[PDB]
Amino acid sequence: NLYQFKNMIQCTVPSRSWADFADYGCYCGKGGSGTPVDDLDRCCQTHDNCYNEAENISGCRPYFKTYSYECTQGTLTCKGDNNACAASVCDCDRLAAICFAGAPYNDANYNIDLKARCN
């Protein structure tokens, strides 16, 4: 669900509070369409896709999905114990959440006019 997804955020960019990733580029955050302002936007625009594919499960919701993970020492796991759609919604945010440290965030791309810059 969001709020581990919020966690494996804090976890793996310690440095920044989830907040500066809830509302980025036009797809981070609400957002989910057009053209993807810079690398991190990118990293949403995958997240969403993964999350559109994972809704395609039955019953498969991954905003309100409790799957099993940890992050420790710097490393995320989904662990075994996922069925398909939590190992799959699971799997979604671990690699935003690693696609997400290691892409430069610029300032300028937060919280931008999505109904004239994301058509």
Given for the second form:
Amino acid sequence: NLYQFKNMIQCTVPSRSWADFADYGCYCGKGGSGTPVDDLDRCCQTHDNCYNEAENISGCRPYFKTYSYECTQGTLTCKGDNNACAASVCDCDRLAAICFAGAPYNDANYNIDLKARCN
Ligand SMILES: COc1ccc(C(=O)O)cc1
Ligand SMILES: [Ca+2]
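The form deposited with ligand ANN bound, contrasted with the form solved without ligand ANN above:
In what comes next, the whole complex appears, and the chain from above leads the way.
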């Protein structure tokens, strides 16, 4: 669920406030359309598409599904107890949190005008 994703982010990018990723580029946050503006926004585009794919699983609600995971000693793990929905959603979130850690953060690309820039 979103709260768990935030915690993944807080654990893999402890240098930034997590809210730095909640409104970035065309794809990080409420947004989901347009050309991704940079490598970090590409991470979010793949995460958004991963959620749309997980939605196809019956009863699977990526913002709300509580999965089982651990963040310890620099590593994220999706646990074995997870059903198919939980395992997909946890995987979407783990891979995005890892991608976030590896991508440049461009202040300019924070809180961009989606209507105008993401058609
Ligand atoms: C916790 O930060 C985020 C990041 C991306 C999204 C999303 O693109 O759905 C939601 C919350
Ligand atoms: Ca999005």
